[PDB]
Amino acid sequence: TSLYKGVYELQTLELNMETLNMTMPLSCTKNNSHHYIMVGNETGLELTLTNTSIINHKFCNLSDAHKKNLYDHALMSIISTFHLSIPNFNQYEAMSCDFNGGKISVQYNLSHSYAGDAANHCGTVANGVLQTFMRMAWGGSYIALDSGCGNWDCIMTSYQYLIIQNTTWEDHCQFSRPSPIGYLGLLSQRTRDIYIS
Amino acid sequence: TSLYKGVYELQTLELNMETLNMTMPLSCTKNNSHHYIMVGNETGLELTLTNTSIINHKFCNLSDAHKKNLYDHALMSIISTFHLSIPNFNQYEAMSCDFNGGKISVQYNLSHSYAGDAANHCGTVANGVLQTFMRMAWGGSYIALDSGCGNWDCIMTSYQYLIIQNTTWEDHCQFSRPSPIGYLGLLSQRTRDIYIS
Amino acid sequence: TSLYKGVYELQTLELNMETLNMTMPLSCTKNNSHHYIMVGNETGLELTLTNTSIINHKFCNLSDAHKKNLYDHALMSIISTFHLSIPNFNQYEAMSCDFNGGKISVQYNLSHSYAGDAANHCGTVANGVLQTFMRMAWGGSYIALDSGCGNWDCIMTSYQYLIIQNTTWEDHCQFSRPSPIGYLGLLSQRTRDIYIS
Amino acid sequence: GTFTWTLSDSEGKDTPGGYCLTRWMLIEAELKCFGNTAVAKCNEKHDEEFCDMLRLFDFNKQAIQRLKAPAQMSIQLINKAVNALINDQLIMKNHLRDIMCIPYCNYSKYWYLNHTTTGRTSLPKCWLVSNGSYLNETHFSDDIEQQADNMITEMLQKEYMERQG
Amino acid sequence: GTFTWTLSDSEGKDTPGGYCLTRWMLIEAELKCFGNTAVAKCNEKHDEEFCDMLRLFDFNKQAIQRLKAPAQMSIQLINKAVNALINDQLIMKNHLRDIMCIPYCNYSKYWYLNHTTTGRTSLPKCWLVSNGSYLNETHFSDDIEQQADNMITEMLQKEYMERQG
Amino acid sequence: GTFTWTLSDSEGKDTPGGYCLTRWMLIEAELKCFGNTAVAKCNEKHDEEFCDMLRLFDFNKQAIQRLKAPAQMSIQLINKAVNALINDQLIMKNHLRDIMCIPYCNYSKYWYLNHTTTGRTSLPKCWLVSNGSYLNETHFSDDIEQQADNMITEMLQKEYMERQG
Ligand SMILES: *[C@@H]1O[C@H](CO)[C@@H](O[C@@H]2O[C@H](CO)[C@@H](O[C@@H]3O[C@H](CO[C@H]4O[C@H](CO)[C@@H](O)[C@H](O)[C@@H]4O)[C@@H](O)[C@H](O[C@H]4O[C@H](CO)[C@@H](O)[C@H](O)[C@@H]4O)[C@@H]3O)[C@H](O)[C@H]2NC(C)=O)[C@H](O)[C@H]1NC(C)=O
Ligand SMILES: *[C@@H]1O[C@H](CO)[C@@H](O[C@@H]2O[C@H](CO)[C@@H](O[C@@H]3O[C@H](CO[C@H]4O[C@H](CO)[C@@H](O)[C@H](O)[C@@H]4O)[C@@H](O)[C@H](O[C@H]4O[C@H](CO)[C@@H](O)[C@H](O)[C@@H]4O)[C@@H]3O)[C@H](O)[C@H]2NC(C)=O)[C@H](O)[C@H]1NC(C)=O
Ligand SMILES: *[C@@H]1O[C@H](CO)[C@@H](O[C@@H]2O[C@H](CO)[C@@H](O[C@@H]3O[C@H](CO[C@H]4O[C@H](CO)[C@@H](O)[C@H](O)[C@@H]4O)[C@@H](O)[C@H](O[C@H]4O[C@H](CO)[C@@H](O)[C@H](O)[C@@H]4O)[C@@H]3O)[C@H](O)[C@H]2NC(C)=O)[C@H](O)[C@H]1NC(C)=O
Ligand SMILES: *[C@@H]1O[C@H](CO)[C@@H](O[C@@H]2O[C@H](CO)[C@@H](O[C@@H]3O[C@H](CO)[C@@H](O)[C@H](O)[C@@H]3O)[C@H](O)[C@H]2NC(C)=O)[C@H](O)[C@H]1NC(C)=O
Ligand SMILES: *[C@@H]1O[C@H](CO)[C@@H](O[C@@H]2O[C@H](CO)[C@@H](O[C@@H]3O[C@H](CO)[C@@H](O)[C@H](O)[C@@H]3O)[C@H](O)[C@H]2NC(C)=O)[C@H](O)[C@H]1NC(C)=O
Ligand SMILES: *[C@@H]1O[C@H](CO[C@@H]2O[C@@H](C)[C@@H](O)[C@@H](O)[C@@H]2O)[C@@H](O[C@@H]2O[C@H](CO)[C@@H](O)[C@H](O)[C@H]2NC(C)=O)[C@H](O)[C@H]1NC(C)=O
Ligand SMILES: *[C@@H]1O[C@H](CO[C@@H]2O[C@@H](C)[C@@H](O)[C@@H](O)[C@@H]2O)[C@@H](O[C@@H]2O[C@H](CO)[C@@H](O)[C@H](O)[C@H]2NC(C)=O)[C@H](O)[C@H]1NC(C)=O
Ligand SMILES: *[C@@H]1O[C@H](CO[C@@H]2O[C@@H](C)[C@@H](O)[C@@H](O)[C@@H]2O)[C@@H](O[C@@H]2O[C@H](CO)[C@@H](O)[C@H](O)[C@H]2NC(C)=O)[C@H](O)[C@H]1NC(C)=O
Ligand SMILES: *[C@@H]1O[C@H](CO)[C@@H](O[C@@H]2O[C@H](CO)[C@@H](O)[C@H](O)[C@H]2NC(C)=O)[C@H](O)[C@H]1NC(C)=O
Ligand SMILES: *[C@@H]1O[C@H](CO)[C@@H](O[C@@H]2O[C@H](CO)[C@@H](O)[C@H](O)[C@H]2NC(C)=O)[C@H](O)[C@H]1NC(C)=O
Ligand SMILES: *[C@@H]1O[C@H](CO)[C@@H](O[C@@H]2O[C@H](CO)[C@@H](O)[C@H](O)[C@H]2NC(C)=O)[C@H](O)[C@H]1NC(C)=O
Ligand SMILES: *[C@@H]1O[C@H](CO)[C@@H](O[C@@H]2O[C@H](CO)[C@@H](O)[C@H](O)[C@H]2NC(C)=O)[C@H](O)[C@H]1NC(C)=O
Ligand SMILES: *[C@@H]1O[C@H](CO)[C@@H](O[C@@H]2O[C@H](CO)[C@@H](O)[C@H](O)[C@H]2NC(C)=O)[C@H](O)[C@H]1NC(C)=O
Ligand SMILES: *[C@@H]1O[C@H](CO)[C@@H](O[C@@H]2O[C@H](CO)[C@@H](O)[C@H](O)[C@H]2NC(C)=O)[C@H](O)[C@H]1NC(C)=O
Ligand SMILES: *[C@@H]1O[C@H](CO)[C@@H](O[C@@H]2O[C@H](CO)[C@@H](O)[C@H](O)[C@H]2NC(C)=O)[C@H](O)[C@H]1NC(C)=O
Ligand SMILES: *[C@@H]1O[C@H](CO)[C@@H](O[C@@H]2O[C@H](CO)[C@@H](O)[C@H](O)[C@H]2NC(C)=O)[C@H](O)[C@H]1NC(C)=O
Ligand SMILES: *[C@@H]1O[C@H](CO)[C@@H](O[C@@H]2O[C@H](CO)[C@@H](O)[C@H](O)[C@H]2NC(C)=O)[C@H](O)[C@H]1NC(C)=O
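Residue numbers (PDB author numbering), protein chains in the order written: chain A, 59 to 255; chain B, 59 to 255; chain C, 59 to 255; chain b, 260 to 424; chain a, 260 to 424; chain c, 260 to 424.
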């Protein structure tokens, strides 16, 4: 390559973040419709954008799940980090869960990209949930939006639901290099966008 | 002016924060009894200290307002930032609201500067609400207190209510230069003074 | 002592943190079973690890205490800081209180070091409460654990209850130098380990 | 971009030796240009106060020119800008000084030294206030003299090294 | 330990002049060793980006070798490591640049200058991306040239002072 | 005020070359004065540990002398002082080192080097502990030698420039 000032060779370095799996979660993409968060070499979450309507009730039995604690605390912690990072999340009926003991089973209803709230306007529930999604899958999530860069409040997708389910570790990642940055960026939220009750 | 070391002229610079209106709110004063927070060049909040008793019920219908979302999210966000920054706010019956759809209508009852809580002692509800007020209107709010600098817990005013209402943009500001610092200082709260339930 | 490079004498300095009592709380130890947090030169909290079962009901009357405000706000603030810093505190029935007006009276039930939650496994309620305890009494708390350094999630003690009660100032501290660091470290929590409802 | 404090990657495509503050961001100033030597100093965090406003002005401009203006504030966006750009300890310290009756930064008026024959200037420092008004010039004598010595020292050291290496 | 950026107190019990990145943490690199002169720079906070990964790699290793691996992630532990080791303003700035359509750090590819006869290298800088791909080399010409001048300056100043004192 | 680390604006109205620690804040020390050259170093953030205590002592004093003592702690005030004055990464790192079985800062005992004929001293560094006790002197040999070289270097560079410019 190019020689700078007649004495320096430009050289590059690429870091392998795949060896950080034992201490921190790694986020990656696969094909837009699917993104993954892996922990260790055993399990993780599958984040999908799909027209599937898998949960058909309007409530999340969290307190019940906490009493029947049959779940991996690491996965619940990651999900909580995701949930609590959704700015201005007012539409609680849009979040439904079916833990059934140890499953994750979490569904966010963004139907028609406003989920019944008024109309598909900018700055709505879909925007709130999608911004967190885009950050959690920052390694690669840009493929999800065609126009969102020019106006951050008009992030909209066509998919009706954001589905979070637990899966096993598989070599799921492609189209990118697994990275903890999305997750780390969410942990250091600092400012929370919370409306008064 | 003065020449330093025989070679430097002291010079001054004054920044115009009035051109930051499109991206961040600007706080200013007017006549103690009134302070303002303006957004863009269209609207904002009028913060007043007055013996008016405008809301005559003891509740704030926030969940109802969130379902009937006829409000500017920017104003609700600013108000929330204010509310959640009141340290040790235990007296919930002191906060009353009447959104009536799209209005702000927020009243904080500091009557007799303790609002019925014991007596007008230092470190009470009036102090909590006023400290946040003093910071939100930091550009200029010092005119509100005659003795508070010598003992931060004895900030007291004579006015019974802190009223927050939405208004239109008008060139309201005088006695100071509009500045985002109060607001920015509140966003970076870092530590929250919250008692256990 | 040793002379470095032939010209410097190594010298030491020891700071007296006991003179910081008027503006910040100081934490110290005494005999493992007891630790203290002192404020000013008048009062403070006694933190104990004991098989005493002092509170025999499963609830904490906080809202009632807030209405009947007969308590030192400083002590309530310190306790709140402690409580809100317990990661993943799901077992609410484990926290019982009897303020009776102005007392602190706070009991955390870690019985059998899982408090009835499954079995005495790593990463449980005892671990959550003890990690906060260990930090609040960081000046000296290491005497509490024989093996915890090798695995932070397996911090366990044999004592059934963590008891927090208010006492008077006495020269309680021994085995260490009073220090605000534990408390300060808890105030700057930054990241909160909170599960979804 | 010679300024790590800015968001733009095109910041350096301007007068190589100076950064200019437009007339629009100043009060009756018309034009103020500071040497890049001084402006670049806040690439490092020095708890400088002045560059917190420059970071907000830089943000403000980028948020207007690169994005379609949303025309709805996007408070949720400024919130991230604040956490990324603002020195919180400085705001809190000025707050503490205010409430502790200690002179503090107003975030409006700044002062700098301007060399009378070279046109070289210092980075600006915040003019302090106390009890509703500005502190008198005499109370800044020590600060001004030190700033003047710092500039003299830099000029001499620069000249020394140009001659030496 | 010559590195205040590390957690280990045994960090300096290695080649006195260099810090090595194991083959295991690199992608097809086999071995990369950077001089301690450059690596030690991030003992100070310079919003460098590269050393945030080094701090995570250092943490990761210490968390594995000194503790019994819990084999259960201990997310509650990484959370403290993050707050202690990570520069949050940099992550937020790269986020803002991304959403504001400004080239930003990928946290994968880095570049550095390597002197062709001495083997001395610069601390690495993050290679920027924009719209799904990497920026072309021409857009880094200014950054590379400045880094090259910084290294030249350091070599000359070092030589100057070795001769002078 | 030559110290940007302090809250007081009258900090410099004292011995121009030194900052003194009163007998009241020390354990059986009677009097300790450190040169301003070294004390002023923590005007910049170096993750120094020692000056976090100095900032608390400075705060503590200002909070007592300028305000009517409220005599009720004002925990809500210390909370702001903490966020403005304390280096959180250092506390968290010492916490992590403790729980990771790595020697860490006790925030009590500090050491410094004292030149035997000039009386000039270094800024103090925190003495480390591990498993209930203090680390032995031999384990600090590398740190002490480096600090000694840093002081020697500074003395020589100062002398060099006094002669040169
Ligand atoms: C920083 O920015 C860059 C720019 O996008 C991102 O770049 C991606 O990097 C990842 C790896 O970290 C790339 O993933 C791999 O790309 C290979 C590209 O090979 C091409 O050419 C071969 C020729 O035979 C084709 O076969 C192939 O299809 C491509 O056309 C793929 O070959 C790799 O696939 C292999 O590995 C994956 C797992 O990693 C397996 O699932 C596959 O079966 C196969 O074994 C792989 O896809 C990605 O392509 C890069 N994209 C681009 C456009 O550069 C970085 O990810 C980003 N870093 C971060 C995290 O910010
Ligand atoms: C930093 O600290 C300083 C010190 O208080 C604060 O100073 C204030 O700065 C604001 C402007 O930013 C000043 O506001 C303006 O003051 C003018 C003063 O003029 C005087 O003399 C004329 C002579 O004819 C009189 O007419 C006038 O009444 C005054 O006696 C006013 O003239 C200005 O009024 C005009 O503009 C306002 C809108 O800005 C209009 O509403 C009016 O109708 C009129 O057109 C204006 O009031 C303020 O006076 C300053 N106070 C002092 C004591 O200095 C800074 O605000 C502060 N900065 C921050 C934000 O920290
Ligand atoms: C940093 O790390 C060090 C290492 O542990 C901690 O060290 C402790 O420091 C505290 C003081 O800050 C020590 O407390 C005092 O220790 C004295 C030790 O004296 C010994 O020798 C005499 C000989 O007659 C014996 O009588 C005595 O029992 C000891 O064997 C005690 O004498 C002191 O007791 C006196 O003061 C206390 C109150 O301080 C009174 O309650 C007593 O009645 C008596 O008057 C006192 O105990 C402690 O011993 C040190 N431990 C060790 C092993 O060094 C620092 O605390 C730590 N700093 C922090 C906060 O991180
Ligand atoms: C609200 O904020 C805007 C900044 O976003 C404030 O400033 C005004 O902004 C417009 C658009 O950039 C400027 O327009 C320009 O005018 C010059 C005139 O010579 C022209 O050459 C340019 O092509 C362009 O049209 C306008 O000058 C500027 N005005 C200023 C700084 O005075 C606006 O003033 C703020 N409004 C309120 C109520 O605070
Ligand atoms: C999950 O994380 C681990 C790191 O904790 C990843 O790397 C593998 O870690 C093991 C244990 O340290 C390495 O074992 C060593 O192999 C060498 C081979 O020459 C041997 O000499 C040593 O004595 C030791 O046995 C292993 O090499 C290393 N593999 C790498 C970096 O490729 C692991 O790959 C991660 N797994 C997943 C699914 O991501
Ligand atoms: C997922 O759905 C969206 C939105 O379509 C709605 O929901 C569907 C499940 C179905 O009930 C439709 O009748 C609803 O209208 C699909 O996106 C397209 O959106 C544009 C407007 O933005 C609309 O004009 C198109 O007709 C929609 N496409 C179709 C086939 O109707 C999206 O393509 C669906 N994705 C998948 C994988 O099915
Ligand atoms: C606002 O009210 C305060 C407090 O007065 C009380 O509330 C009034 C509405 C009325 O019901 C009074 O009878 C109540 O006592 C006024 O402040 C003064 O406070 C001092 C003690 O600090 C008291 O001795 C004075 O009598 C009060 N002033 C008056 C006229 O009673 C304050 O002035 C009122 N402000 C306005 C604009 O009306
Ligand atoms: C506090 O209790 C623990 C745990 O013992 C249980 O609770 C007691 C109050 C009593 O009801 C016991 O029968 C319960 O088993 C004591 O710790 C020991 O724990 C080990 C296992 O880790 C067990 O084998 C021992 O038998 C327990 N010790 C005794 C005497 O039973 C702890 O010692 C008690 N501490 C004090 C001060 O009483
Ligand atoms: C979530 O909790 C509700 C109760 O709060 C569960 O609904 C009850 O289910 C039982 C049968 O198991 C019925 O007899 C009750 O009449 C139901 N009550 C209500 C209000 O519907 C619900 O099944 C739980 N769901 C999940 C996914 O755990
Ligand atoms: C989500 O996690 C749970 C718990 O790890 C998985 O449930 C286990 O599945 C195996 C195989 O079917 C059973 O033998 C276990 O008894 C189940 N345990 C529990 C607590 O239910 C579940 O399969 C995972 N989800 C997915 C999609 O793999
Ligand atoms: C997800 O949310 C949408 C929007 O609220 C639900 O769609 C509504 O369904 C009812 C009953 O079929 C219709 O009367 C409404 O008109 C639909 N709303 C809109 C905007 O078309 C949808 O049922 C929810 N899905 C799940 C699985 O809960
Ligand atoms: C806040 O909500 C309460 C209900 O929770 C509203 O009060 C009810 O108003 C209807 C008439 O619209 C009456 O028939 C009910 O009897 C009232 N219930 C109670 C408990 O008072 C109240 O009006 C709402 N207020 C605002 C400002 O929105
Ligand atoms: C607070 O904001 C609301 C909404 O922007 C304002 O209400 C509007 O007022 C105009 C003029 O009276 C009506 O034509 C609109 O239909 C109203 N909209 C709604 C949603 O009610 C309200 O006037 C503002 N408050 C003040 C004091 O100006
Ligand atoms: C604001 O709060 C005050 C204080 O609680 C209320 O004043 C009380 O009113 C009742 C009924 O008139 C009296 O019996 C009490 O003695 C008053 N309290 C005191 C301390 O004098 C006031 O009504 C509230 N105002 C509004 C609009 O809610
Ligand atoms: C905590 O609050 C409960 C009520 O929510 C108190 O229990 C009541 O006590 C009265 C007598 O004072 C009885 O008549 C009621 O029947 C009790 N109700 C219930 C639900 O038990 C309880 O005593 C309070 N405890 C403390 C420590 O304050
Ligand atoms: C905890 O604090 C309360 C309030 O400061 C103490 O209660 C006081 O005790 C004295 C002596 O018995 C009584 O004269 C007071 O009337 C009590 N005040 C209240 C509000 O109850 C209590 O003693 C302290 N706890 C301990 C263990 O000392
Ligand atoms: C503290 O918690 C323990 C654990 O939940 C309680 O112990 C239980 O007591 C009941 C009734 O005696 C027994 O049937 C259970 O078997 C006990 N649990 C276990 C694990 O042995 C204890 O009573 C609670 N103490 C207080 C003061 O609330």
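Rather than coming from a laboratory, the hints here were simulated on the basis of the structure.
A couple of the hints might just be wrong.
Stated by the list, open to error - Pairs of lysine to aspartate or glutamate residues, derived as EDC-like cross-links and limited to a Cα-Cα distance of at most 16 Å, are as follows:
| no. | chain 1 | residue 1 | chain 2 | residue 2 |
| --- | --- | --- | --- | --- |
| 1 | c | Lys272 | b | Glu404 |
| 2 | c | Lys320 | C | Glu104 |
| 3 | c | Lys300 | c | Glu421 |
| 4 | a | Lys272 | a | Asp306 |
Claimed, not checked - Some chain B residues judged to face chain A by a derived CB distance under 7 Å, without partners named:
| no. | residue |
| --- | --- |
| 5 | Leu120 |
| 6 | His124 |
| 7 | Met134 |
| 8 | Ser138 |
| 9 | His141 |
| 10 | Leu245 |
From the three backbone atoms N, C-alpha and C, an ideal C-beta is built for every residue, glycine too.
Could you work out which of the previously given hints the structure breaks and list their numbers from low to high?
2, 3, 4
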